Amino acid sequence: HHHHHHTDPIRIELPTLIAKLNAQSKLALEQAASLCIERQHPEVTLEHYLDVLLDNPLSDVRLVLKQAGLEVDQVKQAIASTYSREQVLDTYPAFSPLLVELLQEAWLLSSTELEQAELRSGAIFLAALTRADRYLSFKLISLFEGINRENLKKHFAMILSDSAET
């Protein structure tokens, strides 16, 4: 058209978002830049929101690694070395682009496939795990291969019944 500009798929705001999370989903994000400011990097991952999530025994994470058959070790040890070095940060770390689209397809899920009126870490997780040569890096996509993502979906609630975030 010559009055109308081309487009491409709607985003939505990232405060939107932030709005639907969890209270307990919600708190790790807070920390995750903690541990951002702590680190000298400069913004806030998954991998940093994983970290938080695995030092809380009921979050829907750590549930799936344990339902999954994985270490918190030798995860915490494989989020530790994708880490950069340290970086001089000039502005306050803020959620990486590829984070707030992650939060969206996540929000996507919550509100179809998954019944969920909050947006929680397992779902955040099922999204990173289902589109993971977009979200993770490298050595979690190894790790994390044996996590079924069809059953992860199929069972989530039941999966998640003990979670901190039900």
Second form
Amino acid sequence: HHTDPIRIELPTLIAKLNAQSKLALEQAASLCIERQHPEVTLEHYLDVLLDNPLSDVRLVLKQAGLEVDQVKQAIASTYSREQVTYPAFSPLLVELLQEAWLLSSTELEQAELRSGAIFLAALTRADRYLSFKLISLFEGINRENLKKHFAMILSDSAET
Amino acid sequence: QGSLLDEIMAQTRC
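Switch from the form solved without its partner chain, shown above, to the form solved in complex with its partner chain and output its structure.
So here's everything in the complex, that chain up top.
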């Protein structure tokens, strides 16, 4: 009978998270609940990682000359308009964690899943994962450099 | 007992 590409269960992926990456995911989830959104999204995670200057996501934006305020406003205006019970992760966020773990465990040479790999996978498939506002903000970030020099570019990170 | 992320993960399966 017909099968699709293998999917890893969410709790196995969450267990790969670096301890600080995981703490920020827990913050993203609380944020979602506080806002009464229906799904935890990559935007909620970004929103919280932006508050730590040594997150991988901050370190990438600093290197790209991007301002925290512009990314915050793009996120504020694309949050779900629905108000809701515990949310689920969005199916796009589950699938994103699985691609970012596959990249981490292979090309990035990372023992743990970090927000930098999650961000790199979303940027590498930005048509799939990024809203039009984020695409346009992040258009100039060099994915190949970030992939090839991941560990050095993000050497200052709290997620190491 | 179940954490926030535990509850959210269960909802994700369901």
